[PDB]
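Let the sequences and hints guide you as you build the complete structure.
Protein chains: 10
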Amino acid sequence: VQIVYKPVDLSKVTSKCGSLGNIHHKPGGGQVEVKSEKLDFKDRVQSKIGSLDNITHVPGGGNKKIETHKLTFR
Amino acid sequence: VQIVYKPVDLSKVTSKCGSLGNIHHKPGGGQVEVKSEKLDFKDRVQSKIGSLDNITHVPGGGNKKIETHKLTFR
Amino acid sequence: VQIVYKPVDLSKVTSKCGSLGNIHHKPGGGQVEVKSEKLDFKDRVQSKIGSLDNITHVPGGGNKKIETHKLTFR
Amino acid sequence: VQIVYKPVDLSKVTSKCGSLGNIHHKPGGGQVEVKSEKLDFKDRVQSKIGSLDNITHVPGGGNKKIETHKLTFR
Amino acid sequence: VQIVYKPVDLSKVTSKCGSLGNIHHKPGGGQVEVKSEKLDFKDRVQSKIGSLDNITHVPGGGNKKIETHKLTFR
Amino acid sequence: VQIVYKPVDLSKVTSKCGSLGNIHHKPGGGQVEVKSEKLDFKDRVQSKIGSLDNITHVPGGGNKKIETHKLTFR
Amino acid sequence: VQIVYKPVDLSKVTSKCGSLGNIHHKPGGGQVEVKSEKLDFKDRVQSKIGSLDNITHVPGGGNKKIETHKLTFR
Amino acid sequence: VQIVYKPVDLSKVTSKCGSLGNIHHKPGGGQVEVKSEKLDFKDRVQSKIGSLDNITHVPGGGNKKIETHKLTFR
Amino acid sequence: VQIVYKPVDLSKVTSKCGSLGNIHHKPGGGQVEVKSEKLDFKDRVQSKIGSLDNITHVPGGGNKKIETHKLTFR
Amino acid sequence: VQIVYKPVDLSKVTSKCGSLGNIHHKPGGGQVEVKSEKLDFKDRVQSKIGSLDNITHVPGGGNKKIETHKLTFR
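Residue numbers (the UniProt record's numbering), protein chains in the order written: chain P, 623 to 696; chain X, 623 to 696; chain S, 623 to 696; chain U, 623 to 696; chain W, 623 to 696; chain Z, 623 to 696; chain Y, 623 to 696; chain F, 623 to 696; chain C, 623 to 696; chain R, 623 to 696.
Straight-line distance between alpha carbons at most 25 Å, and here's what the computed DSS-like set of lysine-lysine pairs gives: (1) S:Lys670 with W:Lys670; (2) C:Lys670 with F:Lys664; (3) S:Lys628 with X:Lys628; (4) Z:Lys686 with F:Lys692; (5) U:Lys686 with P:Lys692; (6) C:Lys660 with Z:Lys664.
FYI, nobody ran anything at the bench for these hints, they're computed from the structure.
This is the structure we're talking about:
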C-alpha cells in the first residue's frame, strides 16, 4: 500500500494595470423597514437582517487562488 | 496497490489593462419593507433579509483560480 | 493494481484591453414589499428575501478557471 | 503502509498598478428600522442586525492565497 | 506505518503600486433604530446590533496568505 | 351719476368629518437630471427646475373662499 | 358724483373634525443633479433650482379667505 | 365728489378639532448636486438653490384671512 | 371733495384643539453639494444657497390675519 | 378737501389648546459643501450660504396680526 501525493503546481496570476481613474460612488440612501419577532439560529449561520450599506472596493489587482488538497485513508 | 498522484499543473492567468476611466455609480435608493415573524435556521445558512445595498467593485485584474484535489481510499 | 494520475495541464487565459471608458450606473430605486410569517431552512440554504440592490462590477480582466480532480478507490 | 505527502508548490501572485487616482465615496445615509423581540443564537453565528454602514477599501494589490492541506489516517 | 509530511512551499505575493492619490470618504450619516427585548447567545457568537459605522482602509499592499496544515492519526 | 355698490353676501362653507384614519405616504425616490446653461427671467416668473419633492397635505377641512370686488370709474 | 361702497359681508368658514389618526410620511430620498452656468433674474422672481424636499402639513382646519376690494377713480 | 368707503365686514373662521394623533415624519435624505457659475439677481428675488430640507407643520387650526382694501383717487 | 374711509371690521379667528399627541420628526440627513463662483445681489434679495435644514413647527393655533389699507390722493 | 380716516377695527384671534404632548425632533445631520469665490451684496440682502440647521418651534398659540395703514397726500 503505497500512496504518492506529489502535485507539482506552478501557477502565476498576473494583473497589469497602468492607472485607475475617477471612481465615483455617490448613492442617495433610502429606507429599509424589517419587522420580525422570533429568530433562532443554531449552527454556522451567516445572516444580515435590516442593512443599508455601501461598499466601495478598488483593489489594485484583485487576484485570489483557492487550493484545497484532501487525502483520507480509511 | 500503488497510487501515483502527480498532477503537473502549469497555469497562468493574465489580464492586461491600460487604464480604467470614469466609473460612476450614483443610485437613488428606494424602499424595502419586509414583514416576518418566525425564522428558523439550523445548519450552514446564508440569508440576507431586508437589505438595500450598493456594491462598487473595480479590481485591476479580477482573476480567480479554484483548484480542488481530493483523493479518498476506502 | 496500479493507478497513474498524471494530468499534464498547460493552460493560459489572457484578456488584453486597452482602456475602459465611461461606465455609468445610475438606477432610480423602486419599492419592494415582501410579507411572510414562517421560514424554515435546514442545510446549506442561500436565500435573499426582500432586497433592493445595485452591483457595479468592472474587473480589468475577469478570467476564472475552475479545476476539480477527484479520484476515489473503493 | 507508506504515505508520501510532498506537494511541491511554486506559486506567485503579482499585481502591478502605476497609480490609483480619485476614489470618491460620498453616500447620503438613509433610515434603517428593525423591530424584533427574541433572538437565540447557539453555535458559531455571525449576525448583523440593523446596520447602516460605509466601507471604503483601496488595497494597493489585494492578493489572497488560501491553501488547506488535510491528511487523515483512520 | 510511515507518514512523510514534507510540503515544499515556495510562494511569493507581490503588489507594486507607485502612488495612491486622493481617497475621499465623506458619508452623511443617517438614522438606525433597533428595538429588541431578549437576546441569548451561547457559544462563539459574533453579533453587531444597531451600528452606524465608517471604515476607511487604505493598505499599501493588502496581501494575505492563509495556510492550514492538519494531520490526524487515529 | 350715482353708483350704489351694495353686495349683500351671506355665505357659509362647512365640512364635517368624524375621523381621518391611516394616511400612508411612502414614496421611493428616483433620479432627476436637468442640464441647462442660460436662464433669463424678467417679471413675475414662478419656476421650479430640477425638483424631487414630496408633499403630504391633510387639512381637517380644506375650505377656501376667494372674493374679488373691483370697481373702476374712468 | 356719488360713489357708495358698502359691501355687507357676512361669511363663516367652519371645519369640524373629531380626530386625525396616523399620518405616516416616510419617503426614501433620491438624487437630483442640476447643471447650469448663467442665471439672470430681474424683478419679482420665485425660483427653486435643485431641491429635494419633504413637506408634511397637517392643519386642524386649513380654512383661508382671500378678499380684495379695489376702487379707483380717474 | 363724495366717496363713501364703508365695508361692513363680519367674518368668522372656525376650526374645531378634538385631538391630533400620531404624526410621523421620518424621511431618508438623498443627494442634491447643483453646479452653476454666475448668478445675477436684481430686484425682489426669492431663490432657493441646492436645498435638502424637511418641514413638519402641525398647526392646531391653520386659519388665515387676507384682506386688502385699496382706494386711489387721481 | 370728501373721502370717508370707515371700514367697520369685526373679525374673529378661532381654533379649538383638545390635545396634540405624538409628533415625531426624525429625518436622516443626506448630502448637498453646491458649486458656484460669482454671485451678485442688488436690491431686496432673499436667497438660500446650500442648505440642509429641519423645521418642526407645532403652533397651538396658527391663525394669521393680514390686513392692508392703502389710500392715496393725487 | 376733507379726508376722514376712521377704520373701526374690532378683531380677536383666539387659540384654545388643552395640552401639547410628545414633540420629538431627533434629526441625524448630514453634509453640506458649498464652494464660491466672489459674493457681492449691495442693498437689503438676506442670504444664508452653507447652513445645516435645526429649528424646533412649539408656540402655545402662534397668532400673528399684521396691519398696515398708509395714507399719502400729493
